[PDB]
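Put together the whole structure using the sequences plus the hints.
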Amino acid sequence: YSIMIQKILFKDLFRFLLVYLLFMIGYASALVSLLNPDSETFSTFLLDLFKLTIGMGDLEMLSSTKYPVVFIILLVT
Amino acid sequence: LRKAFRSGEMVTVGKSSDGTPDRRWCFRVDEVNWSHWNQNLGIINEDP
Amino acid sequence: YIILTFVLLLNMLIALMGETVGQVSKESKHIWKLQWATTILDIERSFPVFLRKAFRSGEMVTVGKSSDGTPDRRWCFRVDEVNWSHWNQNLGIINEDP
Amino acid sequence: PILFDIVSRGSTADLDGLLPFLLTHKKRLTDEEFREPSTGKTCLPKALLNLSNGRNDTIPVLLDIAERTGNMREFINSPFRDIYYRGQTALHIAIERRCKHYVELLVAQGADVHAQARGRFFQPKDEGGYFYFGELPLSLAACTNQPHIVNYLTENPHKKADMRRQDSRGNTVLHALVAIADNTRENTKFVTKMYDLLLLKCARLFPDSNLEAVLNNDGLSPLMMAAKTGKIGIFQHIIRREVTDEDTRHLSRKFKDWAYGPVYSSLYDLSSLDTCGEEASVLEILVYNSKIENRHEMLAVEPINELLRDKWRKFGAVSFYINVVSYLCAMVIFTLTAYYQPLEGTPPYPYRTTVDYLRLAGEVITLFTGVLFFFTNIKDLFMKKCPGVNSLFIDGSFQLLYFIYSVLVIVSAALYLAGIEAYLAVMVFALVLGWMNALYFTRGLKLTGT
Amino acid sequence: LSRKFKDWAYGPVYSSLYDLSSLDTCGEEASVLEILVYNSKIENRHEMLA
Ligand SMILES: CC(C)(O)c1cnc(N2C[C@@]3(CCC[C@](C)(Cn4cnc5ccc(C#N)cc54)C3)OC2=O)cn1
Numbered sequence: 602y603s604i605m606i607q608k609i610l611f612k613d614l615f616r617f618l619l620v621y622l623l624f625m626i627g628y629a630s631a632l633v634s635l636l637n638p662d663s664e665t666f667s668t669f670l671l672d673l674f675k676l677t678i679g680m681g682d683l684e685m686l687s688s689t690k691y692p693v694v695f696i697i698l699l700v701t
Numbered sequence: 752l753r754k755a756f757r758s759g760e761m762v763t764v765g766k767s768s769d770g771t772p773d774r775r776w777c778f779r780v781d782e783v784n785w786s787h788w789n790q791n792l793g794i795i796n797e798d799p
Numbered sequence: 702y703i704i705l706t707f708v709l710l711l712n713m714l715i716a717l718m719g720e721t722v723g724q725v726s727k728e729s730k731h732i733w734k735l736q737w738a739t740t741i742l743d744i745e746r747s748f749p750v751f752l753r754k755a756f757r758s759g760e761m762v763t764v765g766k767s768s769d770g771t772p773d774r775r776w777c778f779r780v781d782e783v784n785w786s787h788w789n790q791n792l793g794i795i796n797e798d799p
Numbered sequence: 152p153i154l155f156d157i158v159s160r161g162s163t164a165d166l167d168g169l170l171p172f173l174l175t176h177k178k179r180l181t182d183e184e185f186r187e188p189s190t191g192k193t194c195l196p197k198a199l200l201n202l203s204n205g206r207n208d209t210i211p212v213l214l215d216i217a218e219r220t221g222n223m224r225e226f227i228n229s230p231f232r233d234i235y236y237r238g239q240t241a242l243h244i245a246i247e248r249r250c251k252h253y254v255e256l257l258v259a260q261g262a263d264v265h266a267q268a269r270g271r272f273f274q275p276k277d278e279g280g281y282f283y284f285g286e287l288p289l290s291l292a293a294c295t296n297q298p299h300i301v302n303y304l305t306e307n308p309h310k311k312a313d314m315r316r317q318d319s320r321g322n323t324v325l326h327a328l329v330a331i332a333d334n335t336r337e338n339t340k341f342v343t344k345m346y347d348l349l350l351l352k353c354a355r356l357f358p359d360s361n362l363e364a365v366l367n368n369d370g371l372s373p374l375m376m377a378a379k380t381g382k383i384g385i386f387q388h389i390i391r392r393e394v395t396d397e398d399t400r401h402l403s404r405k406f407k408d409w410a411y412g413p414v415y416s417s418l419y420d421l422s423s424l425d426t427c428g429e430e431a432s433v434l435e436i437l438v439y440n441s442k443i444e445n446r447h448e449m450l451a452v453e454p455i456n457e458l459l460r461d462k463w464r465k466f467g468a469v470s471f472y473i474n475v476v477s478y479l480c481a482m483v484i485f486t487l488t489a490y491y492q493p494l495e496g497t498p499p500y501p502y503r504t505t506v507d508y509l510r511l512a513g514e515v516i517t518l519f520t521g522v523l524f525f526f527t528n529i530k531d532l533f534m535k536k537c538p539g540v541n542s543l544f545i546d547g548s549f550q551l552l553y554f555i556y557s558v559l560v561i562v563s564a565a566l567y568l569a570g571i572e573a574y575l576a577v578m579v580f581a582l583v584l585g586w587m588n589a590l591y592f593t594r595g596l597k598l599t600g601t
Numbered sequence: 402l403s404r405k406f407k408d409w410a411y412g413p414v415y416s417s418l419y420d421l422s423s424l425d426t427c428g429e430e431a432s433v434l435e436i437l438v439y440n441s442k443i444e445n446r447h448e449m450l451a
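Chains as they are written, first to last, in full-length UniProt numbering: chain A, 602 to 638, 662 to 701; chain B, 752 to 799; chain C, 702 to 799; chain D, 152 to 601; chain E, 402 to 451.
Read the hints as simulated data drawn from the structure, not as lab findings.
Every residue, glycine too, gets a C-beta built ideally from N, C-alpha and C.
Some hints here could point you the wrong way.
Stated by the list, open to error - Listed next, the in silico EDC-like pairs over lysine to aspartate or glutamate satisfying Cα-Cα at most 20 Å (straight line):
1. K535(D) <-> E728(C)
2. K754(C) <-> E435(D)
3. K754(C) <-> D743(C)
4. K730(C) <-> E429(D)
To be verified - Which residues of chain D face chain E? A partial, calculated answer using Cβ under 8 Å:
5. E247
6. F282
7. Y500
8. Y502
Here is the structure:
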């Protein structure tokens, strides 16, 4: 079991983290570039996006700034 | 309708005990073999 | 509704489990190899002809006299091996020196 | 009716009347009255098909009557007319039945040893036919594994069928031998033997020419033809062949450079494998146009895997990594340009501030990258044929996605021209698709490629 | 009294043809195929059908 934990932590966990970070950074740029009003607000909205990932969020926040439809499709994807 | 859409040919195999034709509904399959050379031959059509 | 949705999830899990993985463990290697080779060839074709000629694999070895005694001068590519079974069976005909 | 039965049972006895009759009535055996309306089959093919224990007593008598009646020539080589067997000659039947004695007896009197059997029946299996043997008597003898008939046909005092002749398709005896080549042992075992036999014989007879350098109508050659058709048994045999005899050692493709104890350094000829975009290298055809099922095994032959690895090391890794870095930087610039866009105002915006100049540089470089992606992908897609299933996973999907992303950027430009609301609808999709596409470059690393 | 004949041949291409006098009868004489697909033994049907 110790061998299993070590190999799971090292071999593929970082691989998954790299891919996951790739998609996360792409979506962060895409999502925040659409918003119309700045680094502090970027942090708040990134935290909100992470909250939506965990399963709790504010519906009005997503539809706060224009184009609700594209936001819905982006979040679904 | 089933008779109209019947698989196979109306091939004739050969003369019967009294010389009458067989005329049996058959279904052809073909193969490629490189091992046994000119072993036996096609007895029916005698032409591809 | 909920139970059947769970059943669909379970069924999808099983199908990915056996049929997909058994085949993947073998097919992924070959598909990746094909992708690697085709990217190599694409990178080659990107370069101009003269640059490709400059980066040409293999030697300019001469094999021997032709029918009229002229040299072959064929672009070859050497590979070497170690064999302990067949001893001094034939010999190197070209360099005649390692 | 009568004569066909007489000849069909091998009845030599019942041809007494025939010779007086033909002279008496000014008739010949090749006249239309004696031939099948459907196929035009004359007496001789009928006799050769109805062989009794390998020997029919009427072939010599028919030939004797034919010459005595004045028209041997028109008789020995009379083709079939039905579309299904067009061009087939009595010589084809003699060779196919595997009787050397009748092929000799038939060519001795003037049988055309070059007549082509090109009817629908004698076509590649993919084109509505059950046997394609090269469309020629010598190709028929070689393709049905009768080495003795080939040895006789090439060398006989009457008339010799040279090995360099091409059929209607352009296929020489070697393309024909590749065409029937299969990956079963029972097939390859004799395909390779006959291939080597014919090659050495043609080289010895005609020294200057190389039989393997004759291309068909499609521009392929026996090796290049076996590359894109999926024939390992003959493909690797051609690559690894070495001829020890000093007379014809020059037509070999694997030589032994040097040795010292248990260390043998040999060296393969890549005259055709790697040509550098001059003579349609075999490698490109093997990697693009080959058969998907067996490509993985064609690419593992002895001098090809090492060649690809060497090319990767020499110029493959650095260029790929430089490509990855450039793409990632371009997308970082695209993301930065998207983020800094002032959402207040209808474009085009006035570019006056240095930040506005930076944004304009980002905007223009984005379009340059988009048109570049359009340019190179369209070139690739036009260059390569449209793929199907089992090839989409290799590369198709990525050029599809790259095209979609480029199209999205192009439409983003048009909208940005006039419509304030429109252009932002899909320019974000552009970023999403681009970051999805960045997954392409994981193929360099095997762990990420899988 | 045979049920598989050899139609024709040319080199390494042999075309034979099976008799289906009883396999496929078109609902007249209790075809073997229907009995094999419905009434047969479940354990070995997969192999009878090959
Ligand atoms: C950043 C920059 C400018 O260097 C760059 C380079 N390539 C692309 N791609 C990548 C790609 C993806 C799909 C397969 C393609 C068409 C195969 N393919 C066709 N021609 C090639 C040349 C080199 C390579 C490599 N390595 C692959 C090639 C390549 O389509 C693009 O546009 C994008 N940006």
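Evaluation of the provided hints:
1. The hinted pair formed by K535(D) and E728(C) fails the criterion: a straight-line CA distance of about 24 Å is larger than 20 Å.
2. For the proposed pair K754(C) and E435(D), the alpha carbon gap of about 16 Å is at most 20 Å, so the pair holds.
3. Of the pairs offered as hints, the one joining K754(C) and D743(C) holds, with about 16 Å between alpha carbons and a cut-off of 20 Å not exceeded.
4. Our distance criterion of 20 Å between C-alpha atoms is broken by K730(C) and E429(D), whose separation comes to about 32 Å.
5. Residue-level restraint check for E247(D) holds (minimum Cβ-Cβ distance to chain E is 6 Å; threshold 8 Å).
6. About 5 Å separates the beta-carbon of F282(D) from the nearest beta-carbon of chain E, less than 8 Å, and the hint is met.
7. Among the interface hints, the one on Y500(D) is violated; its C-beta lies about 71 Å from the nearest C-beta in chain E, farther than the 8 Å criterion.
8. Because the closest C-beta pair between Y502(D) and chain E is about 74 Å apart, greater than 8 Å, the hint is violated.
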